[PDB]
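What follows is each chain in one-letter form.
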Amino acid sequence: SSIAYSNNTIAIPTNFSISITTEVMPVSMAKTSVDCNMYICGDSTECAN
Amino acid sequence: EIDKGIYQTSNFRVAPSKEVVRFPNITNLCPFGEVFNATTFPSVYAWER
Numbered sequence: 001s002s003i004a005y006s007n008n009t010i011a012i013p014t015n016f017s018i019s020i021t022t023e024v025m026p027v028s029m030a031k032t033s034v035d036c037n038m039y040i041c042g043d044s045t046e047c048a049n
Numbered sequence: 001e002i003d004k005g006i007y008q009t010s011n012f013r014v015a016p017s018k019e020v021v022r023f024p025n026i027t028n029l030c031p032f033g034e035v036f037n038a039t040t041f042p043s044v045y046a047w048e049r
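Chains Y and A, in that order, give the protein sequences.
Reading the first sequence from the start, the letters are residues 1 to 49 in my numbering.
Reading the second sequence from the start, the letters are residues 1 to 49 in my numbering.
For the record, the hints were derived by calculation from the structure and aren't laboratory data.
Think of the CB as a built atom: it goes at the ideal place given N, C-alpha and C, for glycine as much as any other residue.
Hints are supplied without guarantee of correctness; some may be wrong.
Here are a few chain Y residues that sit away from chain A, every Cβ distance over 12 Å (derived from the structure) [said to hold, decoys possible]:
| # | residue |
| --- | --- |
| 1 | 4 |
| 2 | 8 |
| 3 | 18 |
| 4 | 27 |
| 5 | 30 |
| 6 | 34 |
| 7 | 38 |
Short derived list, chain Y residues pointing at chain A, Cβ under 10 Å [claimed, not checked]:
| # | residue |
| --- | --- |
| 8 | 33 |
| 9 | 36 |
| 10 | 37 |
| 11 | 43 |
| 12 | 45 |
| 13 | 46 |
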């Protein structure tokens, strides 16, 4: 971009526009739960012991 | 001592009692006696299968 610096000049807007922007924010994650034996062992009595 | 709330629990309710064995319909007995009682065996260098 070309920007010209001046000691006695100012640029002022003469019109305006309305801009609507989106911002997506994660707020939560899936709640998970696990079981000791059913995962590590399953249904084995000896493995549970 | 348990305070007010909701908790997940492991399965202590039911454990297996019976057993279900299913084997194939085979009635013949392997001839171990005849094999181990053979009057001649191969040399180690000419072992059979």
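Structure-based check of each hint:
| no. | hint | in the structure |
| --- | --- | --- |
| 1 | 4 | 68 Å, holds |
| 2 | 8 | 73 Å, holds |
| 3 | 18 | 48 Å, holds |
| 4 | 27 | 23 Å, holds |
| 5 | 30 | 16 Å, holds |
| 6 | 34 | 9 Å, violated |
| 7 | 38 | 7 Å, violated |
| 8 | 33 | 6 Å, holds |
| 9 | 36 | 6 Å, holds |
| 10 | 37 | 6 Å, holds |
| 11 | 43 | 8 Å, holds |
| 12 | 45 | 7 Å, holds |
| 13 | 46 | 12 Å, violated |
Violated hints, listed in ascending order, are 6, 7 and 13; each of the other numbered hints is respected by the structure.
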